[PDB]
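A.B. asks: The primary structure of each chain is shown beneath.
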Amino acid sequence: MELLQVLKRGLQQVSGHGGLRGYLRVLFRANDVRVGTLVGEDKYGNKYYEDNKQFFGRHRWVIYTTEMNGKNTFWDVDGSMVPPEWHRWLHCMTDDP
Amino acid sequence: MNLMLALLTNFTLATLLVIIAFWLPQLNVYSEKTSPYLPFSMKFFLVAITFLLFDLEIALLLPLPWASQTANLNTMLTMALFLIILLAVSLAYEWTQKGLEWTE
Amino acid sequence: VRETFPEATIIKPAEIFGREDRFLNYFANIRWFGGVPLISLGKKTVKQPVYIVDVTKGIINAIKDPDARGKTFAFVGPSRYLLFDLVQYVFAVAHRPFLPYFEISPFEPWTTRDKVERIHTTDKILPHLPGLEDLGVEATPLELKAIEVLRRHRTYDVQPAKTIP
Amino acid sequence: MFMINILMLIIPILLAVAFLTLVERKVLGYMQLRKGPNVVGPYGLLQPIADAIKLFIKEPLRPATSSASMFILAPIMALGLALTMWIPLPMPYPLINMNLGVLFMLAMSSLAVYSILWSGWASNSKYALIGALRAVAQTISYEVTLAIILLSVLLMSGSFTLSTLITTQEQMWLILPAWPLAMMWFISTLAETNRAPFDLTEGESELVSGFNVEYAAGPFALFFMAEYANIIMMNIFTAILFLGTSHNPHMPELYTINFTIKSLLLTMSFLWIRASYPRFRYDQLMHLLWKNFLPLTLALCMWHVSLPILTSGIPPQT
Amino acid sequence: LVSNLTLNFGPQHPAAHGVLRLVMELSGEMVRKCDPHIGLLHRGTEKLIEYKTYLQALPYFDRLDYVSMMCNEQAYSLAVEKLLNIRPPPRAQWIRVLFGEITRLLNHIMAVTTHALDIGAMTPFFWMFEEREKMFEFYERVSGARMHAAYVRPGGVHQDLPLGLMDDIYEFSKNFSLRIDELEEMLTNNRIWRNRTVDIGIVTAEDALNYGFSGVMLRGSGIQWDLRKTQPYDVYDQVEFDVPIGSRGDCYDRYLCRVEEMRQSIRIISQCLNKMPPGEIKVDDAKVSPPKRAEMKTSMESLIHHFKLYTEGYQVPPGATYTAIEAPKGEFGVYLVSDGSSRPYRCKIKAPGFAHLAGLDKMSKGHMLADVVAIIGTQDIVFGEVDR
Amino acid sequence: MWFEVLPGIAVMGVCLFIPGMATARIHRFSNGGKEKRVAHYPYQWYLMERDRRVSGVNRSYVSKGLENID
Amino acid sequence: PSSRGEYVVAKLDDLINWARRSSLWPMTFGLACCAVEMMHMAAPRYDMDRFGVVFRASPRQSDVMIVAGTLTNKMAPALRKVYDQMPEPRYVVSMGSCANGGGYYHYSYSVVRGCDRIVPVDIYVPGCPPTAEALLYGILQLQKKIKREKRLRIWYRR
Amino acid sequence: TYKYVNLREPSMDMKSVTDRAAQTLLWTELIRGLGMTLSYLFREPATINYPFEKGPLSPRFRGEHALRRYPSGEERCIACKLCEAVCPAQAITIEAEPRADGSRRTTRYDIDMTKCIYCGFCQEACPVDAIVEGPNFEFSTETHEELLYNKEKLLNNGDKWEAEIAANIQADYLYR
Ligand SMILES: CCCCCCCCCCCCCCCCCC(=O)OC[C@H](COP(=O)(O)OCCN)OC(=O)CCCCCCCCCCCCCCCCC
Ligand code: SF4
Ligand code: SF4
Ligand code: SF4
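Protein chains in written order, with PDB author numbering: chain q, 1 to 97; chain A, 1 to 37, 49 to 115; chain P, 156 to 256, 270 to 324, 333 to 341; chain H, 1 to 318; chain D, 43 to 430; chain a, 1 to 70; chain B, 22 to 179; chain I, 1 to 176.
Do not take every clue at face value.
Listed next, the in silico DMTMM-like pairs over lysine to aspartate or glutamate satisfying Cα-Cα at most 25 Å (straight line) [stated by the list, open to error]: (1) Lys75/D x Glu115/A; (2) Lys171/B x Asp76/q; (3) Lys338/P x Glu276/P; (4) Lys166/B x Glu53/I; (5) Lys53/q x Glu173/D; (6) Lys339/D x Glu53/I; (7) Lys171/B x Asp105/B; (8) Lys313/P x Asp333/P; (9) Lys81/I x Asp210/D; (10) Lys47/q x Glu84/I; (11) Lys291/H x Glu92/D.
FYI, nobody ran anything at the bench for these hints, they're computed from the structure.
Please build the complete structure, drawing on both the sequences and the hints.
C.D. replies: Here you go:
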């Protein structure tokens, strides 16, 4: 059974992102198609998901905005695009977002 | 005629990629570069000879599968076994007399 | 330039030779591969090449000297030579066969039409133009600084050319 | 129509070689506890393409080879032979049905040592040449075991025809009555293809300069491609010998799928082994052959000569 | 001398220990003479320290044996305390002993994994280096730097362990013993591993002592000697562990002394997570260890000391001393003179590798070339300490 | 997870599948949906030669039957 | 479809730049402590290999040199000798404080005060040592740099 | 205490010997090593998907140097030159003069970031929590000069990370 139950989670990760085109968009921007609680969002468009069932290090992640400070970051993200407030939570320096 | 063509295509294509990858990368003008700057070990030679002889004795055994189809098996089996037995002596003689030095 | 900048200095150098130059290397390479020396009348050309370092020192000394304003200088090697002699001298250093007697292309044109024209031209003799020694520089004989230029061309007792006094 | 068949056999090979590098770099990671290439394209599926483009456009070095004539022959030889080995293979239909297919494959692989010798014989280094010989002294040494072990099996098959090996295993795989051979035949394939733990060339690069170090980016992609082409062929050859799949003339594709799976599993085992053992010192990989494998290989050769006669298990000559 | 080879490690293979330019003489395949050239990483450490205050000089010691960071700091700290004639408080001595054995885990993981990397066994490198990471986080959370801590200092440590650290350290130790078994399952009994190590690099007990070998280069030769059990310094007279001993004194034994030691540390760490006492973590003497900030920002007598101790440093009585510790590689030790002022007059460092490397020529006599690879690794050489 | 290796394996598997599949179909296409004749020995090559003559169209894969008995 | 030469050329430049940036084969000069951090970037947690950065590449097959560690005078000549043997294009990454500017050992007699005295550097990763993740950012910084080159365009307009 | 790590004397009974013989002739031990690796192929790899994920740090982490401000806005540094006197690498250059209003403040404050060793002694010495090591660790540059911070480049980090520098000290200053 379990093997069948896995295929459910596979599909729930397509509805999780809201449609195939949503599925692909993350698949190529982030290479990971996990789905997690939207802990919040920032003014620049970054979205900080999370999942507490993942091993310590991968529970918390981000999806950078497709545009920042008037620059196209649809592909050209970098780790210096996280404002300081979130910067402390995303690095597990603290627990309260 | 096929195999004559097969080798030709298997090797003609090998030439292309060799020349394609040797010249066209040259036609990219990457400036230019200045000028950057044997002992005969016997053991090496032996293993060539050692394999050389053992390779000949193998040449005699290649027709074995056809041999087993003859009626004179008693002769076939003996001479079939005689060769392989000697091929062990050749190995034994070199081994026994300290002839496999390169193995060390 | 002279009309626009009456104080501007101007330098008239020979065909400079050096490690990355395109004068000595031009002979060594183009001829060798699939090519036979195409020297067009090599006995009617006189060349007096100069060292790249020697030219460089003058330019630096040109800046420093207050008297190099407006004047026109001419840098030339210590010795004139006949084109045929050098080409043999080159091949003599390069250790390559000598056989006296490549269109313009996209990318980088090698063996251009005009470049062949420019080699034929002879070195002007202009004693009225102040030379390197007027700056304190010393010219370097092509004999010394030819091996290091052509060393790479060589694969793994040799006489220099004949000057034209 | 035939030229189409050749191109539709050469081209798939080259693609498969490219994506074996992808699979290799990932299977290692998961055995090494890491993902491996999963960025370039989706799941790294474009990683090989970027490699091929990158290498070729890269500037090639100045070999300065004493012999330029041989410096080009070597890769031509290596890459041509690697492809030539695939024409007699039945899958289940050989491109060029050969009666002596086994000998054709056995003889061809022997020529391959020239590329390992011509290259080092033009590098112009007193060290690369020495390293080149050691590589040759290893290939030829193990080809002895290949032939004998290969020959012993044919006694239970009766002919040099490759497509006949399918018939011999109709009632069972050949791994069953010959597993002592398979153990050594497998290893003999590793050493012959110069793989870990027998990949001395790459491992001892610093101590003794490898033979291929002087070759540039472009050409190197040929030697490297040639090697990985052989690895697949040997495993395909292995599966054919010992894991033959029943052949249905009505639905050949079934055979191809199953035959492909067996070949793929064998190839992965080549990757599994690389990430499991240290490397053999040169003398020790010789001690293994002359003093451990060769005696046993001879003993089994007599045993397989005797066995069909005494048990009346002589296969048909045809 | 059939032919001499100047084997240089320019293309440094993934060793992370520096580059060694080795000059050899092969009589065919044997090695008739091996000559190491080392100075490539001589930075002048022993002369810079002349210009630094005793506090400013400490970070240099994280940069000698850069896989045994806190162990080095302990040696320098013990030397200075001994000169200063002061005793740290017990809680610090336990933290130092706690980490001194955590570092030993970091070091031995480096030695075995790389030593196994140079011989082609590559997979174990990744598995164990994932344990180093989690071990760095402990380094990270107590000092803030993943590798070079400067945590240990003359007179104790710098800061106390953050709350909840020891819960993690306990958690890490619980699972670790399985990790080693995942390793010994690869190399311990594997025939290929034994071939490359068995009866290789044999050193006699009598020669080792004369040639200055220390640490696992002794215990491999059956000698029973380990400074912890014989000249204990901090608390090592309060922990039960057994010193592994070799039998044949070859590479394989020294591979088993190290693997065995990595277990014996889990036996010590376990004890330090139970005997750790409450208290402060630096000598309660504000002329040597700077005072707490809160007291620095409130009390005059303390403010002065925070001033002088961070600009002029703390004087030290004139005198000389040689202090050594059982560092993971060998007997690390520093001979350190002091003229009375805040700057040491001289700091000789007895790097354990420097002695071992001299013995390289002795051990490689009558050995094939590829054994010189194994011999260098089994000595556990890092060229930060050798050249300094 | 480990299953993400499979696409690389599967894509390679196709590359290994084409050479076998192409040859099987190609032989059928030429030989009119029959396994390509195999002629290892002159007897076989002899029959495969006669069959061409009997075919009457210079093709050896056109196998005639009792309809040609006349 | 009518495609202007600049448009046709422009896209090619993006293709090759994608190839070079997507597949970097580094060479590591593990001269000193910063080498250890460089390993941790190959360790499982960061697994640089997945971006395309293979762990070990010979000098002649390399695309980027990583000068991780100090550079003493004695070791300087071999650094350049290795550099000059790199087939172009070749990018040099200076990692650590002792390679950016001679770091802790800046004033020592036997130290070269930065590799930039000896080779042209492209990226400077600061820290003693930079965290394994800090270096990984430095690599991902280079890839973007290789993505902004206009090799063809410049050629097209000569 | 001690213990022999290798002093075994294998029993020579036939069963014992046959085991060793069974081990050599069939590669049992080598197989057992293959088993271990085959298990790792079925475990979740420990790889974090950087940059979308970040390896965990702690509030004590030492990163880019930065200069703080009081809540009012005034500067915290008072040119006491203690940070300059202890920086082991001598990477801090301070030059101060009385300010136009009589205050004591710096005019030059350069932290050459290619001589810094990120020791952390600077912030340990500052008596007014002025110079602190932020938590930023991603500032690799494309030229050397960009790593020669001057006072203007340090404050901007202060006026850019104070939303986190302040939080960390609150989390950890008690241990100091
Ligand atoms: C009644 C009729 C009876 C007839 C039959 C009777 C005989 C049957 C029983 C005997 C069968 C013997 C099988 C022979 C295989 C070779 C085994 C062998 O002996 O190898 C020994 C070799 C070196 O010997 P060593 O371990 O060093 O011992 C010291 C000796 N002085 O050590 C080695 O082997 C080295 C191994 C190198 C390869 C290791 C890396 C690969 C291992 C993983 C692959 C495992 C095999 C996978 C099989 C794939 C099949 C497709
Ligand atoms: S930069 Fe840092 S890690 Fe690198 S050598 Fe210098 S002190 Fe060591
Ligand atoms: S971290 Fe240390 S070396 Fe760096 S600036 Fe601060 S005090 Fe100086
Ligand atoms: S940063 Fe702090 S220690 Fe340095 S001068 Fe300013 S106030 Fe003094």
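A.B. asks: Could you run down the list of hints and mark each one as holding or not?
C.D. replies: Against the structure, the hints come out as follows:
Taking the CA atoms of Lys75/D and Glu115/A, the gap is near 20 Å; set against the 25 Å cutoff, the hint holds. For the hint linking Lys171/B to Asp76/q, the alpha-carbon distance of about 17 Å falls within 25 Å, and the restraint holds. For the given pair, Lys338/P sits about 34 Å from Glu276/P by alpha-carbon distance, which is inconsistent with the 25 Å threshold. Our distance criterion of 25 Å between C-alpha atoms is met by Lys166/B and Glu53/I, whose separation comes to about 22 Å.
Proposed proximity of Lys53/q and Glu173/D is supported: the alpha carbons are some 21 Å apart, at most 25 Å. The suggested pairing of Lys339/D with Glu53/I is violated, with an alpha-carbon distance near 39 Å, which exceeds 25 Å. With a C-alpha separation of about 24 Å, the suggested pair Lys171/B and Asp105/B falls inside the 25 Å cut-off, and the hint holds. For the hint linking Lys313/P to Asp333/P, the alpha-carbon distance of about 17 Å falls within 25 Å, and the restraint holds.
About 39 Å separates the Cα atoms of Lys81/I and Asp210/D, which puts this hinted pair outside 25 Å; it is violated. Simply put, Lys47/q and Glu84/I have alpha-carbon atoms about 42 Å apart, too far for the 25 Å limit, and the pair is violated. The hinted pair formed by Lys291/H and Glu92/D fails the criterion: a straight-line CA distance of about 62 Å is larger than 25 Å.
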